[PDB]
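There is one chain below, alone, in structure tokens, taken in the form deposited in one PDB entry.
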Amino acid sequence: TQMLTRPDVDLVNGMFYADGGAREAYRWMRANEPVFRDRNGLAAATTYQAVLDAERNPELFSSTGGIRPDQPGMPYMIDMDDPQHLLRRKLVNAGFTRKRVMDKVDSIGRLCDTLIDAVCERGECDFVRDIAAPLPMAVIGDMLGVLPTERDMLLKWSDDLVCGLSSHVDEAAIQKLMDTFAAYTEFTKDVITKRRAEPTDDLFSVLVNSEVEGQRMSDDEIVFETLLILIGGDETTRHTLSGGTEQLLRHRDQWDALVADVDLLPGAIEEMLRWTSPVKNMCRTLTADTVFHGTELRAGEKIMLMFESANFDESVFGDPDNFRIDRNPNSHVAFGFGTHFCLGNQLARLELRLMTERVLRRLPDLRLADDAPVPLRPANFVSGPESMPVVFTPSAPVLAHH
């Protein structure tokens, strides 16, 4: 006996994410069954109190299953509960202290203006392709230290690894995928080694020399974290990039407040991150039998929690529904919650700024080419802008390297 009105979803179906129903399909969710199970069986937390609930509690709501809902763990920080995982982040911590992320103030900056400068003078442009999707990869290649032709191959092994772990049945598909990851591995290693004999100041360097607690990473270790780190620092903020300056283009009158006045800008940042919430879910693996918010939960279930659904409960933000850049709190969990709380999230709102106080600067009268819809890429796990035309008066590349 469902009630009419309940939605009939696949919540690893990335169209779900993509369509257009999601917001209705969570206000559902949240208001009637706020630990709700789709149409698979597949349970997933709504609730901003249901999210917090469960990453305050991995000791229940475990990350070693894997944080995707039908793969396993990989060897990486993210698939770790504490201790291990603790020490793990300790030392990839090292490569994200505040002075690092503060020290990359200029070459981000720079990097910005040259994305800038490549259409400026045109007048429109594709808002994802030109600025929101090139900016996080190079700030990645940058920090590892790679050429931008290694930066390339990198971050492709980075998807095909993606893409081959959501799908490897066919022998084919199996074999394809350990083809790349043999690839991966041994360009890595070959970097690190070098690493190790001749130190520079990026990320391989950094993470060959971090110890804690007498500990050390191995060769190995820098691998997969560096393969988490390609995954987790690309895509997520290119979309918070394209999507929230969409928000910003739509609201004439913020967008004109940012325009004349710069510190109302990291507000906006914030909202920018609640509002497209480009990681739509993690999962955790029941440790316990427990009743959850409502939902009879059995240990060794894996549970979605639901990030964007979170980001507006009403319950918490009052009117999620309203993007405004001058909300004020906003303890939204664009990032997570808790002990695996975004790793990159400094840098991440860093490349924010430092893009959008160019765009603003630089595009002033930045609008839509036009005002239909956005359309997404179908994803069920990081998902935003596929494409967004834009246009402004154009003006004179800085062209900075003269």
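Residue numbers count along the first chain shown, from 1. We call the rigid core whatever largest set of C-alpha positions still superposes within 1.5 Å between the two forms. Compared with the form deposited in another entry:
- When the two forms are superposed on their rigid core between the two forms, the C-alpha shift of 2 Å or more among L265, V316, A257, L161 belongs solely to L161.
- Once the rigid core is overlaid between the two forms, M178 counts among the residues whose Cα shifts by 2 Å or more.
- Once the rigid core is overlaid between the two forms, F204 counts among the residues whose Cα shifts by 2 Å or more.
- With the core superposed, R151 shows a C-alpha displacement of at least 2 Å between the two forms.
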The other form holds:
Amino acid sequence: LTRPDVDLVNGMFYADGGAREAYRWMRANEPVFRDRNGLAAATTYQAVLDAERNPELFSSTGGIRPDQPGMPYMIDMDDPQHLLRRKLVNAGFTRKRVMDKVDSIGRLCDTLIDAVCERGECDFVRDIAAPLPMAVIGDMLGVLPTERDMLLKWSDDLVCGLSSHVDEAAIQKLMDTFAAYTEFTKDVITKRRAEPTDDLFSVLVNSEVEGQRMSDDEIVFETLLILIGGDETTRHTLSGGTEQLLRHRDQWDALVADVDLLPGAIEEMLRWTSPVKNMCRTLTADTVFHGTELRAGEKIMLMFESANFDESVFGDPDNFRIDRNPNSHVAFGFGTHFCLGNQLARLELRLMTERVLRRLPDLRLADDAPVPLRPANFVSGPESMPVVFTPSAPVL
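Condition change, the form deposited in one PDB entry to the form deposited in another entry:
Left out here are the partners and the other molecules; the chain alone remains.
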């Protein structure tokens, strides 16, 4: 009944377990809510949809983070500049193009499962959920296999860096990692200019925008956006979604018995886990929006998890149900910026989860205590997830 006392920039808010109670208050009392620091947030599904649908008023050019300015990548652009970038990269992410990767991604899943299946135990986050989407996007970008862990470590350092709650040495670590990624990329530019390859790095390196070559700085940021979209999102729906399947044994069992129930289960895993907790928009004019007066130039946080637990839309959002149908979640956002990777992510989720179901059919949590979550304010999910299963033989 009492107003939440919350800093939406504090990663602890997303990790401590209180967020969904706080969102319930917000959606009932103050749909466009201001936190203890005055930062506006769209908290109801309608408020998020309406802002998404009006980019003239709710611009992306001010930067998607609450505490950082506009940067040279497509997520911080409005149309028509944004669509020009999308047209450079869309072809590699369509459903048809993604479906061409069924065998290739399936082999990565079997490799990873081969690595643990004889042991009867693993850390589902470290051994399964994190590496698979890293390998997929790394192959798309032309990362050598032996370079995947290094890029993944950098990607972790960049997004774990995101909180008002971390010390100024965690801030230098953030900037040092970015500088590392920048020098790596500027060397990739040298290489793909001289020796172009088939992959997404090379396409960005050699791409044109406004009839001049894409800026080296925009190449840094666009490739970074694709990498992190790739390697810091799906991992959390794989681990947090599988957690919920383990906690609802009857649903796990239904899937083991009937793989045709999988597509629906994935949509519920997405809704439940909502890996991307928010994205900002900047007001281009003073307005009144769902009864909150908003000032030109301030940001508003689109709260996707809050929208995804909106009772007026889902009826019973607090039950996890693989049979939820339809499942109109906005884990991937909505509108012109609607997730580029969303078919890639769904196919990663399908192919891995099917192999886990088939090959580790008595999977369980090592203990049913809460799974620890990353206290960061942008992307977050399970930090680790020890699991156990009856050992079995490798397949590849």
